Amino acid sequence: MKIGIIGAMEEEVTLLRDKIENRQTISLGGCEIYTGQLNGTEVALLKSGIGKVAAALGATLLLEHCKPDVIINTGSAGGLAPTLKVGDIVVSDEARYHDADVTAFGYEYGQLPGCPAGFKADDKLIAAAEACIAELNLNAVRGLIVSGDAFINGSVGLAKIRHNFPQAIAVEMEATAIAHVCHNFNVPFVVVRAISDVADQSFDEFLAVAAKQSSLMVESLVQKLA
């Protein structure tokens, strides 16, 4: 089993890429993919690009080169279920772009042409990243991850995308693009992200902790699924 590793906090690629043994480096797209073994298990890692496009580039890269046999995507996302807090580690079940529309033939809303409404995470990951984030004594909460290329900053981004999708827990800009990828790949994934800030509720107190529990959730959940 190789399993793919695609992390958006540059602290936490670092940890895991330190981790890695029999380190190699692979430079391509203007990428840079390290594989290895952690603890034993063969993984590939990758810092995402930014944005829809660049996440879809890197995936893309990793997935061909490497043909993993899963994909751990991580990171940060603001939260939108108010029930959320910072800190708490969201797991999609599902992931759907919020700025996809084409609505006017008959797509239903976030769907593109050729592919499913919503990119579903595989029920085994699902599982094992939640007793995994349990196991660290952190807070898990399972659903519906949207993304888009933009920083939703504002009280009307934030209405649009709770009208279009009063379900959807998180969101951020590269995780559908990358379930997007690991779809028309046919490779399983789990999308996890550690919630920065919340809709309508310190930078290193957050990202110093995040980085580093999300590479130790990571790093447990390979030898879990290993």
Given for the second form:
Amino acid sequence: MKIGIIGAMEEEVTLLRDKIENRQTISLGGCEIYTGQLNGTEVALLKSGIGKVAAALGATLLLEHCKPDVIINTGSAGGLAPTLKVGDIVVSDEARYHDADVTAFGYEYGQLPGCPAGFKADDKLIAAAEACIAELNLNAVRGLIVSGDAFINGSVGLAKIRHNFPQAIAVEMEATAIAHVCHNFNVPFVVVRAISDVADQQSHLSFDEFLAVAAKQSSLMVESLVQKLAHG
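Let's compare: the form deposited in one PDB entry is above, so bring in the form deposited in another entry.
Lone chain follows.
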């Protein structure tokens, strides 16, 4: 099997990239795809860049080109659920755009025409992720992750997300775009990210200071997840 992995920033893909053996690099459409094996498992790691379009472009390339069996979106996120603290894990059971609005025509807030109002992550991928979380003794929350093309740091931006998606556990900028692409190609996906901040008026400083920590936690989780999917 081939496992696809997508991270947005250098920090979020560098540790995994350093571990890929029989590594080959593909530079294309402004993205980088690293192919090879992670602890014996065939993977394809994509550094997509930040934002929905960058992520959609990279996911599309990855699916069309390398044709992985499942997609795992790694990286950092702004924590919204009460029990989350920096470094904690968020596992998507679903992804929705918090900034899409075509309600003028009767679509659900966050829903784009031609798409489900939310994209569901794969149950097996979620089960495997949670088994790893238990085995590594990590604090994690499973639930709705919302994406938009904006960095959230309190004020109006956070307020609007709370209103439309009070049950969202985390917010970031690529997951739902990746889920949307996977949905169109019928590819299972799961988002496994780590908290770099709590999306408030202090998230800039928190993100700056804890991104490396969040990237590491999510990377270790992905490493464990890949191994679990490949060997049980």
